[PDB]
Amino acid sequence: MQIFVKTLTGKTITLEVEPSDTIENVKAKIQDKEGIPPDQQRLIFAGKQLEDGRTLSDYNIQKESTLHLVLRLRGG
Amino acid sequence: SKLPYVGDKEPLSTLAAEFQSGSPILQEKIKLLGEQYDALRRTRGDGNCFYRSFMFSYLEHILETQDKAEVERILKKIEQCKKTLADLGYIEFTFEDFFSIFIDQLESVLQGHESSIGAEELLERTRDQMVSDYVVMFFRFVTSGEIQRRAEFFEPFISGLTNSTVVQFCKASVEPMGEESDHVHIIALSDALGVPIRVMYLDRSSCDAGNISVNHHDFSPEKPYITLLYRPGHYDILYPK
Numbered sequence: 001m002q003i004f005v006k007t008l009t010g011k012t013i014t015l016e017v018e019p020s021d022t023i024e025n026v027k028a029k030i031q032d033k034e035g036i037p038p039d040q041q042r043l044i045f046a047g048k049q050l051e052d053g054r055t056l057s058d059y060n061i062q063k064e065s066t067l068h069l070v071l072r073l074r075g076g
Numbered sequence: 073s074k075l076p077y078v079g080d081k082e083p084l085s086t087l088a089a090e091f092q093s094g095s096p097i098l099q100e101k102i103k104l105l106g107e108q109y110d111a112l113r114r115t116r117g118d119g120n121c122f123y124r125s126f127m128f129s130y131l132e133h134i135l136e137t138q139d140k141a142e143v144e145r146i147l148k149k150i151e152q153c154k155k156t157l158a159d160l161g162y163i164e165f166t167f168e169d170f171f172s173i174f175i176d177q178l179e180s181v182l183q184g185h186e187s188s189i190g191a192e193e194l195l196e197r198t199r200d201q202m203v204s205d206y207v208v209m210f211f212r213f214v215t216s217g218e219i220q221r222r223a224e225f226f227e228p229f230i231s232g233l234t235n236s237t238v239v240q241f242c243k244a245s246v247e248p249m250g251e252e253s254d255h256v257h258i259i260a261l262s263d264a265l266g267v268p269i270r271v272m273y274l275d276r277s278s279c280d281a282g283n284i285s286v287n288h289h290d291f292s293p305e306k307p308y309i310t311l312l313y314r315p316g317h318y319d320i321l322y323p324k
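Respectively, the protein sequence lines represent chains G and B. The letter at position 74 of the first sequence is residue 74 when you use the authors' numbering, and the numbering goes up by one with no holes. Residue numbers for the second sequence, in the authors' numbering: 73 to 293, 305 to 324.
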C-alpha cells in the first residue's frame, strides 16, 4: 500500500509499504528516497511518535494514511 | 560555569580530542570535517546554543561581508515579524527592547560610521549578558511569531513532538530563555528571517560501514552561508575552508 510522509518544509514523500512493515523499514525507505539516516528520523502518526520495534498495524496506519517526519535536532 | 557564551575560533583538532577515547565512526567523521572546515567556535551549554550560534554566525557574516543589501532585506523581514507579533496580541512593551538591541548590533557591524565596531568588540558584545541574552530573546520572539502565524501547518509536528498545542509550545518551549531548540525552531527562524542554514550532523550514523561521511541538513528559505555543527544535544559554529 501507499502512505504519505509530510515534512516541515511542506513536502510529501510517498512510500510503498504493507501493514507488516516495521517502523525501522519505513525509515529505511525514507532514507532510500531522501538520504536522511534513519537514526536521525522521528515519525509521528496522529499525535504519537512511532516506535522502531512495532509495525504499521500496531499504530493502525492504514492505506494512504499520512505520517509526519521531524529530524532529531534537539540541542542546547 | 566560567566559560564564555561564545568561544574563540579553534582548530578542528580540539573536536577530535573530545572523542579520541570514544567511537571510531566519530573520529573518522571529524577527520573528514577537518577536510572541509578550517575551524569551529564553541557556544556555551546553557540551552541557548542554537540561537547563540546563529546570532554570532550571522553578525560576523555581516561584519566580514559588509553586505548592506542583505541588511536591508533582513530589516524588512524584521519589520514583518514585529507586525505578526502585534497581530498575535503581543504589545510592543513586551518585546521592543529585544528588537532594538539586535538592530543596533546589526547596524554596528556595518563599517564607515560613528558607532562601527570590529571583530574584537563584536565578540565582547556577544559575550556580554545584557546584550547577548537580549539578542537570543529577539530570535526566540521571532521564532515564536512565525510558529504561531503558521499554527495550522506546524500543529501535527508539534503535537507529535510534545503533546502540546502550538500556543503552549510557543509559550513553554520557544519563548523561555534556556529552552533547547529542535527542528521546528530552526525551520521557523530560517523562514522568518529568510537566512539559510547548513547543519553538519556529527553522530555515529552509518549506512555502509567503511564508507562513512558527515551528512548535513539545509534550511533554504547556493550553499548556505551559515554553517553549524550539531552533535546530539548541542550546536556550535563551523568555518568553511
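Since the hints were made in silico from the structure, they are not lab data. Among the clues, some could well be false.
As the list claims (entries may be wrong) - Short, incomplete list of chain B residues facing chain G, as computed with Cβ under 7 Å:
id : residue
1  : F91
2  : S93
3  : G117
4  : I259
5  : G316
Here a beta-carbon is modelled for each residue, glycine too, at the ideal position from N, C-alpha and C.
Less than 7 Å between beta-carbons is the criterion; does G117 (chain B) satisfy it with respect to chain G?
Since chain G brings a Cβ to about 6 Å from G117 (chain B), closer than 7 Å, the hint holds.
Can we keep the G316 (chain B) interface hint, with Cβ of chain G closer than 7 Å?
Given a least distance of 6 Å, the restraint on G316 (chain B) holds.
Does the closest beta carbon of chain G sit nearer than 7 Å to the beta carbon of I259 (chain B)?
Because about 5 Å separates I259 (chain B) from the closest Cβ in chain G, which is inside the 7 Å limit, the hint holds.
Interface hint compliance - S93 (chain B) to chain G, C-beta minimum distance less than 7 Å:
violated, 22 Å
Against chain G, is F91 (chain B) within 7 Å by beta-carbon distance?
violated, 17 Å
Of the numbered hints stated above, those contradicted by the structure are hints 1 and 2, listed in ascending order.
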